[PDB]
Structure formats: structure tokens, C-alpha cells
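Listed below, chain by chain, are the residues.
Number of protein chains: 2
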Amino acid sequence: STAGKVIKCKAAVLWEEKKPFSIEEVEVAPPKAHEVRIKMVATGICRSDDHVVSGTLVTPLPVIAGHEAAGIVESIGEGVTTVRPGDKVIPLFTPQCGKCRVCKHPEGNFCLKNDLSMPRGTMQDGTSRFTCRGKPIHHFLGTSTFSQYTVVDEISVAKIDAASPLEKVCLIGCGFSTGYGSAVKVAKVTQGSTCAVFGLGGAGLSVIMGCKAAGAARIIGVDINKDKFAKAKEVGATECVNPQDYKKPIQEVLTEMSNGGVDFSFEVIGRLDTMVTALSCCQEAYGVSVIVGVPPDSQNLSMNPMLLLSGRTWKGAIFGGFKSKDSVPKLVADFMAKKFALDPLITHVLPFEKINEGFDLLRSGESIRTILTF
Amino acid sequence: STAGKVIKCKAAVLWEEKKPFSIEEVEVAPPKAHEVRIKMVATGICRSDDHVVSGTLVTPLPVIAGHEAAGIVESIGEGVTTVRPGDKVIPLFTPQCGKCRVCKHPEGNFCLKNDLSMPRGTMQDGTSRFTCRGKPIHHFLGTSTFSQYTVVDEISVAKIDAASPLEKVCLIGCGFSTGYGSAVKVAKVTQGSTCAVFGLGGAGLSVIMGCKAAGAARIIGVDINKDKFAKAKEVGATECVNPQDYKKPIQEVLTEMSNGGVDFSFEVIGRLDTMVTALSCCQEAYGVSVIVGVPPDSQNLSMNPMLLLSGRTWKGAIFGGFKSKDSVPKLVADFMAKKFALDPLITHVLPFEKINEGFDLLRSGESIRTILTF
Ligand SMILES: NC(=O)c1ccc[n+]([C@@H]2O[C@H](COP(=O)([O-])OP(=O)(O)OC[C@H]3O[C@@H](n4cnc5c(N)ncnc54)[C@H](O)[C@@H]3O)[C@@H](O)[C@H]2O)c1
Ligand SMILES: NC(=O)c1ccc[n+]([C@@H]2O[C@H](COP(=O)([O-])OP(=O)(O)OC[C@H]3O[C@@H](n4cnc5c(N)ncnc54)[C@H](O)[C@@H]3O)[C@@H](O)[C@H]2O)c1
Ligand SMILES: [Zn+2]
Ligand SMILES: [Zn+2]
Ligand SMILES: [Zn+2]
Ligand SMILES: [Zn+2]
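Protein chains in written order, with PDB author numbering: chain B, 1 to 374; chain A, 1 to 374.
Extracted from the complex, chain B is given alone in its bound form:
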């Protein structure tokens, strides 16, 4: 069978910036020492993938993007002890080597072996596993889920429940976990608290789920797209405001609504301006603000430090602060137990081939999550 030999398959290769993904045949080389080749079953369309198209998130092109997914191990490389063939797995865009200061810390999850801070677009050995039209194709976040077949490092994959609905749990590989964790793990939303979530897409709604799970009495969803309101309220938002419906600045509106600032604000969009607004909207003397949205490349935000001096707490986080490899298998199990629901995020289920349509659905604000089935 396929094990031990280069696997030709279709993948969504991104050649240039701001250009459509090109579904072509790529050569997926076999897994080397401590690498895992996974047959993709379902990949979700996260806004971060679109960020690479726009240039918001700089990474080496050409590249096979995608990181939010779930699949089954085709074959494992030499030295792989954590997964075996036929294992349902979820590629972790944030690895967990377990050997670094961050992995040994009880609170940090951002493993230094991450290829996010300073993208290279390779495996941990610095090489590529994809070849297309001769040219070597770079990897995205050590995952590259936009391919019928992919190869990841052992530290960037987790074995999940064998009876898991991959088409649904793939969201745990990013969107859900991120939002959920940003709520209960990073910010640690309290019982009776008031939260303001900026951005109501896959991650935003997931923050609402986390706020509600934590017992937030009042949850305010903030989106310039009213079509996102209906769902936000469905997942926990107690109300929704549209910045472009008023004349005065939103923080004024939010300040007045919350009566002096919210307990928790979440920036789940990825804009420097809304990041400052989220900070401002949390109570000056004890408010917590968490930045979930990935900011535009090389761009700095200008803010007044007095926002902090007064007593505010500003935070940010990758994968909801969840230690990916230890958490993902645990999050899937909890989904199996039905502690949380991924269905509200799934709005469009298309074939891998329609990847570009799904992206257009995202871009038009018509979709939350588009699940590409392989």
C-alpha cells in the first residue's frame, strides 16, 4: 500500500499572495524519524488561513495552508510512540514538545518549537515534505491540513477518541479550543461577570460558549455584521451591538451599556484598532482584556499606557492557552460526553475541492465555519 512511498494527492497550493488556492497534485513524501503522515478527513476553514492569502500573517509561499483539522494516521515514521496507523488524530498548529521551559511551565502552552512567531514553513528538521511542479512546497504552522495527505512532527499531533466524529471535532484543532480557552483558560471568566466579545465568527462564538460555560451573567457580542448576531445569541450572547449603527465611538456605547466597563473583553477579529477598543472597554481598575485575533504583519498598535496603570489586565494567547497535545484529546472526550457543542459553528460542509468557495463564503461574511471533507 501507500506506506513507505511518496503519495501523490490533491492539495490546495497557495502560490502567490491574494490569489486563489490551486487544487493540484503534490508529492507527499513519507514520514521520516518521529514524523506522522495523516490522511485528512475533515479540515475547517479558519480565518488565519485566509490571513496568509491577504498577507496579514506572513509565512513562506508557496505553501499548503490549513491547520484546523482531524484525520487518521496513514503511516508513522521511525520512533513514533504516541500514534499508530489507523489512529484518528488532530494536527496541532501549536506543538507540545514537553521538553522546553514553556512546556514544563504549568501555565504556558506556546511551545518554542512553534513556527508561528518566526515562520520557516518546514518540519522540525527544517525541510519540506511537499513537492509540486518540481518546486518544494512549504508547510503552514507545522500542519498543512489543506491536502488529502500531510506529514507533521510527532509533537504536533494528538490521538483522539476512536469513535470521534472527525467532521465535527476538527474544529477543536483551532477555532473552538481557541475561543473556549481564551474564555475559561486565559481570561478565566467568572460567575456573574459581564463580557464583550469583538468579532463573532468561529472563534468569537467559541469565546461566547466559554463565557457562558463560566457563568458570565452578561455577554455582549460586537460585530459590524448583524447577520452574526442571531447565532452569537444562540450560543450565549445576551445582546449584540453593531458599531456602525450608532454615531459615537463604540467604547462610549459599551462603557454606557456595561456602566463603566465590562469585566472581560475579547478581541477576536485581528485589527489593531479593535484591540485597543477591547482593552478600553474592560473596567479600568480591574478589567481583563484578551487578544485572540491575529494582528496584521509588522504592525504596531498605539495605545495610552494609563489604560494599564489604572488597573487593567491585557492578555493574548495561542490555542486558548491550551497545551495542545495534552488538551486536544481531552477536549474531544469532553465533546463525546457532550459538555460543549461544535454544531453551531458548522454552517457549510463542502468538498475539499470547493475550498475556494468556502473561502469566498468566509470573505462574504455568510459563513462561520466551512468544513471541507476529503
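Incorrect hints may have been included.
Treat identical chains as interchangeable: a pair holds within one or across any two.
Straight-line distance between alpha carbons at most 20 Å, and here's what the computed EDC-like set of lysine to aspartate or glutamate pairs gives [as the list claims (entries may be wrong)]:
(1) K113 - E256
(2) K212 - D50
(3) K248 - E234
(4) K315 - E107
(5) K315 - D343
(6) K231 - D273
(7) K188 - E107
(8) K99 - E256
(9) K39 - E234
(10) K104 - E256
(11) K212 - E78
(12) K8 - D297
(13) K212 - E239
(14) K135 - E24
(15) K18 - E353
(16) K233 - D87
(17) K188 - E252
(18) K212 - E234
(19) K8 - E107
(20) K113 - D326
(21) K226 - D245
(22) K226 - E239
(23) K354 - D50
None of these hints come from the bench; they were simulated from the model.
We have chain B; now place chain A with the ligands onto it with these hints.
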């Protein structure tokens, strides 16, 4: 007696910015309802006061500054219940109305009654007590301790032990408590951590006393004035670095020293650039950076949101997050029990009249805390 009548005494009136504190005769009106008039025994020269002069910290002028102090209750107004004449008290530049949102909050301390964010430079009733040259002089943070007698609203004053050495505990009015709290309360330094303190002044040194008290195994002090090193080490610094001695930006040097970044970083200077540096020096995935230094009025800082997205926590606080009226008496009580040393911050003792010279020392870097006696 003077109880019930205007008291003519001397005060340090700052008529214009960047001008000397004119020691002249001002009239102090008797305390109105729920107000308290205190006889100043000793007041500490805090950099925040110098800020008022230089214009860094804005408040209505002409003003009688001063906020770090201790004195005795001369008389109380109608309805005052918390203090009685003859009581040794410390003015709280940060009020504790015990009614507002932040006061009712379990961990908030920047009471809304404060006069820091929106400086009115008056009492709670919007009126002043000071008269000089016939001109009504402003109050500073509702304390105005640069006068032999000042009128503070009841919520901005706390009764400390009758056996408290006022000339030493006046440091608990701000300096010490700020830094100590910033470390032990706001940041919550863990046992065995590596702390990096920016600025080795009275406040900075107190932050060191906090990390040291918290169990911080390492404490790197940062200052462009090498002379401040000896005392830092004396109070807790494991080492101290003069940024000017390096060809590469200090944050890098700090990251290198701590093997990836510090656990807790502190900014006790008040510069925008140093704030960004302190944040960047703490470990990107679990670093906590606490800003204490007051920034130049209306000035914004440009920072990279990725510093936060990775996992850093950035926060600030006024008075070390301590609920003034609550903590203050206890902090004095701890000093009574020899729980922390105040002496190390006291380098010069000068009579109130030699006020300018005290500011000279500060500005020349020849001092930490110059205690003014009356
Ligand atoms: N740090 C992490 O671990 C992590 C994980 C997942 C996603 N993200 C990031 O979070 C952000 C959102 O992800 P998503 O999949 O939910 O995206 P999305 O496109 O589904 O949602 C973004 C939402 O914010 C709204 N919005 C845009 N501008 C707005 C504005 N000016 N005011 C108010 N609302 C506005 C949009 O209408 C949209 O609903 C992205 O930047 C993504 O890259 C980060
Ligand atoms: N947040 C609060 O409630 C609060 C309370 C007290 C003081 N403060 C503020 O904290 C700051 C410091 O207070 P302080 O009382 O310790 O004063 P200070 O002047 O004695 O301390 C400042 C120290 O930092 C050093 N320094 C200056 N520039 C530096 C630089 N570029 N790099 C490194 N070191 C540098 C100075 O040499 C000095 O030793 C002030 O801005 C003050 O207003 C805030
Ligand atoms: Zn690691
Ligand atoms: Zn994502
Ligand atoms: Zn209050
Ligand atoms: Zn002070």
C-alpha cells in the same frame, strides 16, 4: 486652639510648571462635613510630585502637591466617624469610598472617587481649602501633603497605629506600598522566579523588597545610573545592569540572562520605551509585566501586539493594587512587627522648608527617599 478656624501656616505652592515650590504662607480652611484636617509630621518626596513640576503628570495649578505622608488629626468635620483628633493618619492619594464599583470589587483598588485620571485638583465637593495671596490654591490627589496642614476628605485618610514612627511610615503612603504591592499583589511573584525590575528608585527598590519577599530566586535590577546598584543589591537585587553598558538593546540581554525571558518584569520609571522593553524581557508565553511608572501626559506608546498574542500578560496599578484605607493600617502594623524594612529607602532627611533641595537631590540622582520633617 485652631480647631474650628482658619489656620495660617506654610506650604509648598507650585504656581507654574518647571518652577520651584514657593514656600509661602497659605490659609487652610477648617474641615467641612465629612472632611479631616491633618497636621503634617513628615512627607516623602516622590517622583510623581516632580512630574507635576515638569508637567509629565497633569493636575490644575497653582497647586500644593505632596501625597506620600503621615501626620496627626487636628480636627474632623461633621459626620466623620473613622478618625478622631489626635490620631496618627496617612493620607491616601487613592481613595476608598467603599461604595463605588471598584471598591466593592474583591481585587480592585483604583476607586472611582480618585483624582488621578481626571484631575479636578480639589476636594470631593469640588471646592478648595487653600488660600494663598488671596488666590485659591489647588489640591493634589486630594492629599496635598506639602503643607504643614492640609484638609483631606474622609475617604482619603486612614488611621494608623498610635505608635507608628510617622517619619518612616510615611513611605507606606505611596513609595513602598506601591512597589511592594506591585510585586506581591499585582504581579504575585512566585517562589523561585526570576524578576527584572526597571528603575531603582524608592518605588523600584520596594518592588525588589516584594520579589525578595515573594521568594523570587533572581532579581535583575535595571538602571542607567550605576550608583543605584549598591542599595538594590542590599534590598534584594541578585544583579543589576546598566543598559548603557550594552551595544544591544537591554531586553535582549535580559532574555539571554533569564534563558528565554523573565517570569515577572516591572517598569518603575515612567517611560514609554522602557515599558515596552520590560514587557518584551519577560517570557513571551507566560511572562507578566507590571507597569508602575507614570507616563508623560497624553502620550501613547507603539507596541507589537504579538508580544501579547504569544501569551504575555501586561498590567498596571496605582498604589500597588492595595485598597488604600484597608491595607494602609495593616501595612503599618506589619512594619510594627518588623515585617519589612522602610529604612533602606530613606537616604536624606530635610526640614519641610528645604523642600527644593530635596527635589534637587532627586533630580541629580543623589537620593531615593528624602523625608521632609515639619
Ligand atoms: N490566537 C489563536 O490561537 C487564534 C486561533 C483562531 C483564530 N484566531 C484569529 O482570530 C480572528 C478571528 O477568527 P475567526 O475564525 O473567528 O474569524 P471570522 O472572520 O470568522 O470572524 C471575525 C469577525 O469579526 C468581525 N469584524 C470585523 N471587523 C470588525 C469590526 N471592525 N468591528 C466589529 N467586528 C468586526 C467580522 O464580521 C467577523 O464576524 C482572526 O484574526 C484569526 O486569525 C487566532
Ligand atoms: N503607580 C503608582 O501608584 C506609583 C507610585 C509611586 C511612584 N510611581 C512612579 O514610578 C516612577 C518612579 O518612581 P520613584 O519614586 O522610584 O522615582 P526615582 O526617580 O527615584 O526612580 C527612577 C529611577 O529610574 C532610573 N532611570 C531613569 N531612566 C532610566 C532608563 N531610561 N533606564 C533605566 N533606568 C532609568 C533613574 O535613574 C532612577 O534611579 C515615577 O514615574 C513615579 O511617578 C507610581
Ligand atoms: Zn515545548
Ligand atoms: Zn486558527
Ligand atoms: Zn470607591
Ligand atoms: Zn507616589
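Can you tell me if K39 and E234 fall within 20 Å by alpha carbon in one copy, between copies, both or neither?
Result: close neither inside a copy nor across copies, 34 Å intra and 61 Å inter.
Between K8 and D297, at a C-alpha cutoff of 20 Å, which is it: within one copy, between copies, both, or neither?
neither (33 Å within a copy, 62 Å between copies)
For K8 vs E107, is the C-alpha pair at or below 20 Å within one copy, between two copies, both, or neither?
Cα proximity of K8 and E107: none, with 41 Å in one copy and 59 Å across.
Indicate which option fits the pair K315, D343 if close means a Cα-Cα distance not exceeding 20 Å: within, between, both or neither.
This pair counts as neither: shortest intra-copy Cα distance 28 Å, inter-copy 36 Å.
With 20 Å as the alpha-carbon cut-off, assign the pair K113 and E256 to within, between, both or neither.
between (43 Å within a copy, 18 Å between copies)
What label fits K99 with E256 when the C-alpha limit is 20 Å: within, between, both, or neither?
between (47 Å within a copy, 19 Å between copies)
Go through the copies and call it for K354 and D50: within, between, both or neither, with a Cα cutoff of 20 Å.
Classified as within: same-chain Cα gap 15 Å, cross-chain 65 Å, threshold 20 Å.
Since the copies are identical, ignore which copy is meant and state whether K212 and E234 lie within 20 Å (CA to CA) inside a copy, between copies, both or neither.
within (11 Å within a copy, 49 Å between copies)
Are the CA atoms of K226 and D245 at most 20 Å apart within a copy, between copies, both, or neither?
Within one copy, since 10 Å is at most 20 Å while 56 Å is not.
Intra/inter-copy verdict for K212 and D50 if alpha-carbon distance must be at most 20 Å:
neither (28 Å within a copy, 47 Å between copies)
Identical-chain pair category, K188 with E107, by Cα at 20 Å:
Both ways: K188 and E107 sit 12 Å apart in one copy and 14 Å across, limit 20 Å.
When no copy is named, should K188 and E252 be tagged within, between, both, or neither for a Cα gap of at most 20 Å?
neither (24 Å within a copy, 31 Å between copies)
The structure shown violates the earlier hints numbered 2, 3, 5, 6, 9, 11, 12, 16, 17 and 19.
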